[PDB]
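K.L.:
Spelled out, the chains give:
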Amino acid sequence: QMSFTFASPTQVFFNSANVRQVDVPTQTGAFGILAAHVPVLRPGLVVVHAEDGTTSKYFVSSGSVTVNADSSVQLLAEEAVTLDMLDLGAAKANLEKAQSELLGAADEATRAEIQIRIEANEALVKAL
Amino acid sequence: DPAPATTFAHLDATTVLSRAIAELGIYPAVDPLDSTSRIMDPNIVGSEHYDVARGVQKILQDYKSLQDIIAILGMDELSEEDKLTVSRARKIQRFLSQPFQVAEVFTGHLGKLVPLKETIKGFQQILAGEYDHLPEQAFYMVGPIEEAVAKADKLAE
Amino acid sequence: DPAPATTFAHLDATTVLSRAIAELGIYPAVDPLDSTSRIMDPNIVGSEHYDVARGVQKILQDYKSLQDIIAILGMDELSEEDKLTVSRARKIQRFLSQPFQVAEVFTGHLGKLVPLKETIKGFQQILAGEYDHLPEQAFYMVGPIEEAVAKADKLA
Amino acid sequence: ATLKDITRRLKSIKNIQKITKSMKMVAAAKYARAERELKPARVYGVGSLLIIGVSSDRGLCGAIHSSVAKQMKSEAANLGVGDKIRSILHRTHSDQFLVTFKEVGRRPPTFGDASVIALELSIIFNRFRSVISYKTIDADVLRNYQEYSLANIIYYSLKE
Amino acid sequence: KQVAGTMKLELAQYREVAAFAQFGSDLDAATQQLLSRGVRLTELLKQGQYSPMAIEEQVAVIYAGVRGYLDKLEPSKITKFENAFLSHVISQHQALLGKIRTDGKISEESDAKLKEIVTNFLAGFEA
Amino acid sequence: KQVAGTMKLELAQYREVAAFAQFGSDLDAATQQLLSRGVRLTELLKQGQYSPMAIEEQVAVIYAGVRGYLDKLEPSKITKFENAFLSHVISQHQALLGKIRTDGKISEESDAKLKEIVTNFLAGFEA
Amino acid sequence: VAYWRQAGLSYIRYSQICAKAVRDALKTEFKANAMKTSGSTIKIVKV
Ligand SMILES: [Cl-]
Ligand code: NA
Numbered sequence: 015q016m017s018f019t020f021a022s023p024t025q026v027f028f029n030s031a032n033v034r035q036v037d038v039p040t041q042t043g044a045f046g047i048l049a050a051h052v053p057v058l059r060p061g062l063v064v065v066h067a068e069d070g071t072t073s074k075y076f077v078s079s080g081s082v083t084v085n086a087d088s089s090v091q092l093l094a095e096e097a098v099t100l101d102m103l104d105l106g107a108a109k110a111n112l113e114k115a116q117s118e119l120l121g122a123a124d125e126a127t128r129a130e131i132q133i134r135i136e137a138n139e140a141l142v143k144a145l
Numbered sequence: 319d320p321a322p323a324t325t326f327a328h329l330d331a332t333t334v335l336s337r338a339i340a341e342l343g344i345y346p347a348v349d350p351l352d353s354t355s356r357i358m359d360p361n362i363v364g365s366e367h368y369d370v371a372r373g374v375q376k377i378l379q380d381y382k383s384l385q386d387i388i389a390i391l392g393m394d395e396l397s398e399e400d401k402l403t404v405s406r407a408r409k410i411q412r413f414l415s416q417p418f419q420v421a422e423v424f425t426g427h428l429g430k431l432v433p434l435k436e437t438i439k440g441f442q443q444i445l446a447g448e449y450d451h452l453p454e455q456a457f458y459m460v461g462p463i464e465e466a467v468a469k470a471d472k473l474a475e
Numbered sequence: 319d320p321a322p323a324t325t326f327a328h329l330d331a332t333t334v335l336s337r338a339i340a341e342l343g344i345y346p347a348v349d350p351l352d353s354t355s356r357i358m359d360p361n362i363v364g365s366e367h368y369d370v371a372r373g374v375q376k377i378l379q380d381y382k383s384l385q386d387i388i389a390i391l392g393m394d395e396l397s398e399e400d401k402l403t404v405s406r407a408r409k410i411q412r413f414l415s416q417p418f419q420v421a422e423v424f425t426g427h428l429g430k431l432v433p434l435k436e437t438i439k440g441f442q443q444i445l446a447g448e449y450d451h452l453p454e455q456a457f458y459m460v461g462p463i464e465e466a467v468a469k470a471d472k473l474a
Numbered sequence: 001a002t003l004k005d006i007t008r009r010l011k012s013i014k015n016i017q018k019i020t021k022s023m024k025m026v027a028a029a030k031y032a033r034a035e036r037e038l039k040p041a042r043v044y045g046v047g048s049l067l068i069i070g071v072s073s074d075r076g077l078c079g080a081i082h083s084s085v086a087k088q089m090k091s092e093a094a095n096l107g108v109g110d111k112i113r114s115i116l117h118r119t120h121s122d123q124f125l126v127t128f129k130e131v132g133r134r135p136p137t138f139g140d141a142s143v144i145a146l147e148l159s160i161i162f163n164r165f166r167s168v169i170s171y172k173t196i197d198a199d200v201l202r203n204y205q206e207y208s209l210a211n212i213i214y215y216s217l218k219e
Numbered sequence: 384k385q386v387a388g389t390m391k392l393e394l395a396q397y398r399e400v401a402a403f404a405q406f407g408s409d410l411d412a413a414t415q416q417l418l419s420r421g422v423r424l425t426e427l428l429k430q431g432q433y434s435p436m437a438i439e440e441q442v443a444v445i446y447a448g449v450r451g452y453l454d455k456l457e458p459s460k461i462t463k464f465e466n467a468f469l470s471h472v473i474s475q476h477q478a479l480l481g482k483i484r485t486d487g488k489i490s491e492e493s494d495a496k497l498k499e500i501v502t503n504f505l506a507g508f509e510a
Numbered sequence: 384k385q386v387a388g389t390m391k392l393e394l395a396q397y398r399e400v401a402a403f404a405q406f407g408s409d410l411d412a413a414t415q416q417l418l419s420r421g422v423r424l425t426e427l428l429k430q431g432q433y434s435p436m437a438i439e440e441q442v443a444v445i446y447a448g449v450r451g452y453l454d455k456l457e458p459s460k461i462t463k464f465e466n467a468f469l470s471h472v473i474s475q476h477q478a479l480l481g482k483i484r485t486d487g488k489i490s491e492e493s494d495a496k497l498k499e500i501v502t503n504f505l506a507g508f509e510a
Numbered sequence: 001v002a003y004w005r006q007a008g009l010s011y012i013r014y015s016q017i018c019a020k021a022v023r024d025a026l027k028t029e030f031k032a033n034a035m036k037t038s039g040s041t042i043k044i045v046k047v
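Residue numbers (the authors' numbering), protein chains in the order written: chain H, 15 to 53, 57 to 145; chain D, 319 to 475; chain F, 319 to 474; chain G, 1 to 49, 67 to 96, 107 to 148, 159 to 173, 196 to 219; chain A, 384 to 510; chain C, 384 to 510; chain I, 1 to 47.
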């Protein structure tokens, strides 16, 4: 077991619930946080392996994840949403508008703002 | 009072003065929401005159009700539409003031006579918001509206 | 009223009582802003006396001018400068109260008779702000300023 | 004293009685949606765990603004978020400012408000109790863990 | 009698709420409907001197307020809106005023006919 | 007449503006100058009894306030400034006070002397 | 180090663009939260 927590500014999903494993994305790869584990997020899928059978799927944009000495976790997401409430057709259109605005703008600060949005929208269509 | 109360009916135009207005330095201390005339009609003095005179009375009358509410509850509770009409009202109060030639020994300012054309235009512009950028005290104790613009630049330094 | 109104002229010192002040618990219920004396003069009473008297009347009159705003909204809505004058004025108003020997049955407290040296000294310290940290009711019904410190220590 | 004076005072205070009645009603409406968004943000904030002061623009709420202002000069003398933070505490420490903010307290304070505060480069705030009362590992992986958790602590002070 | 009873009730709903009209801002849609409608209706009670109106001209103007065709119009421009609107309906639609006086009410035919004359004049005037 | 020419009306407007902006809101530089001026002119017009001042000595002390030398100083120290300024001009500058008493006016010579005296005096007080 | 950094942008900026991408890609029904939340209510003042 593990005292697993998972919430956002708007809504909260879990609060010290007994979960088996919770896969979470990151800047370097994708750690699968099992109950036994030693002591920064990226656009990707958060798969939550429950204690009994069913495995629900969420998505997280950005934030941080913590693993303490004792079995306790708090996954913090700025915007956490399920695959039930995510549009594929719009996510493709948003990925077109981002890649459109890449091929044109020349400012060094602005290209960062475009290229992050390309990565974020490309993580949505990977799931969707 | 029976004496002045009876006198009103005998008059075609009435200029009512107030101690409350004189107390604030506003000379001549005429009450703009009490003085009246028979000739104040769009058929006699024209609609452009009439519509500005009622616009001045409205903005002053609306401000008079607010004064007592915003003294306690503060200015920041007002709408942006209200505190626009508060700022305009206070400038309009001051532009109704005027230095007389006979009153030069009390004011310390030179006497000024403002023609009717420049009076109407002056209160027209302040109503429309053409001097919202300009400060409050530039309208106090000046003849035409032009002197407010000149005095506003003098108050910069 | 014509009866009291005419009487003022025939006097050298006037101690004007008040029901408003009496209802709030301040006894004797003297109005510090409506009571006068013709010997309140820095030449007669000395410049230290006069300054402490007029200083007390200033901070009381400043507190009185805020009463329309405090009546509606409260003490909390004022500025930090205004709240500091209110807290001192209320501590002054209570230090202006005193237990009388003839009114021991009504009050319950033992009667006190404060000398003139410690009367000036007590209000002089309060104006300077040496007891801004102390509470208000510690000053209520006490003799000299020493009893205001002693009463405040027992509460905490 | 005069009848004309007393009739004017009744005219104003009648409206203020209705306006104060309206403002507690609007405060009760905002209190409802603030409470219902509190416990989702509270576990988020507690799970996460230069002088900054947090309150709002709108006055007429007791000593909410002055309480945070009193503890700032306390921390300043030993060693702002809101328009009322400036009006009170500014002229005394005018050379000790990085940033000041306006347009807060009216609408619900979002996470995007905490980002804009953090982007411009202890924290003082009023923690809720009840209806009446209140109270005042790689090298680069910790760098991004610091900056996001910094936005969470600023967001925690906003919702409280 | 049709339009007066309805107007009288809505003004009563306004006059209670009107004291905190300006001091509100974050108001719910219930009171915002009463505050908006009430300021509109008060402006329809304003009138010029030396120009007393016939009963059929009055009810048409009040009806516009009651059924709420002037709800989005700027409150300051209602007196001027009405003065031009009155000249228009007297000049062009002289037969329409005959219907209201004959029928003793604003019928379903007049409702629809007057609805067109307001909504088109409203968009033209405020520009 | 020179130093207190427009002082009567300016002090009436000061009490209007000071009473108006009791709440702690932001204001423009022109109105905060009127408040800054008006506060310190009131502190000059404070005066004890059994010591009436001559016309020239009144003109000397009013000069400092109205010509704007007091503005940066704290309100509470204005009475202290006046006593120190008055006793100084009585001590050294008896020719200047005497020249105002003889002539009954402030010449451009006497204006320049007062300008030099108050500016050098102010720098001492501000430190 | 990072393509989003170097230019000057921090992780709180990275987080704001990523979070906006998720709220921009929704199926209408659940945008009631996304319109209320994630506001730019703050105003920049400086002297
Ligand atoms: Cl005309
Ligand atoms: Na006593």
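No wet-lab data here; the hints were simulated from the structure.
Among the clues, some could well be false.
To be verified - Simulated pairs of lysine-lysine, DSSO-like, Cα-Cα distance not exceeding 30 Å: (1) C:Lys496 - D:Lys469; (2) C:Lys488 - C:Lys391; (3) G:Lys30 - A:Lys455.
What the hints assert, rightly or not - The following residues of chain G were derived to be distant from chain C, with all beta-carbon distances above 12 Å: (4) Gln17; (5) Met25; (6) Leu49; (7) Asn95; (8) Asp110; (9) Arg113; (10) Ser114; (11) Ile115; (12) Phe124; (13) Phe165; (14) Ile196.
Quick reminder that beta carbons are idealized off the backbone N, C-alpha and C, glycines included.
K.L.:
Checking against the hints above, which ones are violated?
P.N.:
Going through the list in order, the structure violates hints 8, 9, 10, 11 and respects the others.
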